[PDB]
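Shown below, as structure tokens, is a lone chain in the form deposited in one PDB entry; questions about how it binds or moves come after it.
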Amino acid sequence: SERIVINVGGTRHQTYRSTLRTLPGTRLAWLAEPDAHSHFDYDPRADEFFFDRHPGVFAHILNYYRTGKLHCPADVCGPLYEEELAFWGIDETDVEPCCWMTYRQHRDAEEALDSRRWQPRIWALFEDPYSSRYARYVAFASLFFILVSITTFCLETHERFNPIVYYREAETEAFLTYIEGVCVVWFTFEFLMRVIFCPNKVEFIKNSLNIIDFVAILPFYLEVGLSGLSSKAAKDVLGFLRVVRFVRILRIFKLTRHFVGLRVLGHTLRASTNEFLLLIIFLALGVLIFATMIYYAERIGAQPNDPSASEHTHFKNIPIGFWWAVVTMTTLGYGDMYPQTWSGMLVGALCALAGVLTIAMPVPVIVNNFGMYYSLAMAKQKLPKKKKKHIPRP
């Protein structure tokens, strides 16, 4: 009477019936019911109910009934305790905040890391680099052409290839367009080939890489076909396309999607927006305050000879002090503008220290997130897959 013994894997557990009756609906509440012999396994010889579960972790679950607080043991992994409490019918959202972050720690990372007879032949040839042997060579050729185009784009801006000769203006070397045309013909061939053999055309269009590639390809054709009449409009649009040429520097992301580190970095960035917002707010407040202080401190040494007190200082006003504050708070220190008054040097020292602290605040959080994600992702490489040795249904 009022005493019940629980046998969990050969380990006896003894408690009062009243304590088991605290939480209704749960399996233990069913066990506290007097007519539960036909429900659970029970032997009248020992008068103890039998289970088959981990005996070292049932203690915390029972202690939740005994006291009222739910905690997770630190000697077992999170998923193991989660499964164990799921079996007994305890809702996992009742654990105390003292031991919540470690509990829901691996699950978030795990879920974030996972968040026409020839059409299969053609589509797999261009998409998966290692689905075959030829796809590797195609990917390497694309890498070569991308690097060539980027190199040409960087060279076009140099003064050696832009002689001065409209009266004078300046012209780029002719072959710097021929190389670009050689790259463009291949890029057009590849884009046209893949847009035909892609299932779910609308999904293909919705992708950002495809539109980036199309936008990169278009200006060459526009320029080569728009060298005729309408002088004003032609000259405006040619300058606009000359500016927009930069979009072909973004094609490098097309072939770097297969690198593990970049995917880990992308997940880290997507999972750490709040820290970026916090860092931006901290920097804004610090920059504003220190710019105001450094502006007002440098006016002490104002010479009593000029109508404008800003002749002996680099800090003519506050907005120009924003730049100095940003440079100084990150320990960069270009040196183009620095305090020159005994009162300004104290503010400079304070600015340096405050910048160090306010930068060191959230960066460790971001770095820890990246480290955890990277470790988890790199663990997958060591263990490819197994053959599910544990056959269920004993």
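Numbering follows the first chain given and starts at 1. Here, rigid core means the biggest group of C-alpha atoms that superpose within 1.5 Å across both forms. Compared with the form deposited in another entry:
- Checking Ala233, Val185, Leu285, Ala74 for C-alpha shifts of 2 Å or more between the two forms, after the rigid core is superposed, gives a single hit: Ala233.
- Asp306 shows a C-alpha shift of 2 Å or greater between the two forms [criterion: core-superposed Cα displacement of 2 Å].
Cool, the form deposited in one PDB entry is there; where's the form deposited in another entry?
One chain, no partners, no other molecules: that is all that follows.
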């Protein structure tokens, strides 16, 4: 018997019996066997096996058996087709690459997004801005002191607050130190309170954000407690430890983890490393080629080993041409170094065009990834919540 009619939700699909056996182990293959009447309930009169699934995609599911290739329809959402083919016992790895990228589009993004009686209350005072009426004030104070520290760090590098008076040297003002002292007092209090009243201290140390808070207060204490005699080494060590203050601006990442857009940016960066590598490689190759070409172009009609050749051109060598190539490919154009010869002008035009092309090739991939993640997150926060409202298991 070849007439095996299948009633999927009302539509009476029909095909030959031999076709269903092309994929042994699947539900249709089991159905096609003669000893399947009891396994699947069917009406003997109509002689049709009934199912309660989506009839639209069953056509493609069966066409897999017919032609031997699996495709996902473009008129339905990917997850729906995934659920249907999971019900029908078909692996999703067999989908052809013509329609795999869009099929595996929402799930990958979803997964990427998904990536002592006072201890609880004390730990909940910090680490969560919106969890009580007091955590918000603590977060605001932390933000205020972080911004004050960043501002003071930026001011310390100015010439108005570093007057020259150890013959003359340059001595920084004092109030810039008192402000940082107050900020450091607050930060050390917060750090002690967090570290003492926290579980799994090892995870706390590994958080990679407490290290920043520790190293941002260490230099102040080292400076205050290491300002004694023995200037020969003390002055040098203090001068080279004053560079560690750059870690004060990294505490701002301890505060932006709550902002949604920056989480989306982090996910996008973590999901598009290959594109960054490709961009770097393209830029390196182009920079090398165009530096060499401009170096040779700016010397046509010149004595090879003549000092005069490298006198009327900014490209004294190839290594310095990397800077010019990088500036030209990005359409930046500082103007510190430009060609002064017609062949150099042609090379510069080629460099600018090729730079635009190379830069514009991978960037759209990262942009599309970011757009996907951002739309998904904003839609996810648009919907407040929803109960199952389905009472499954009929």
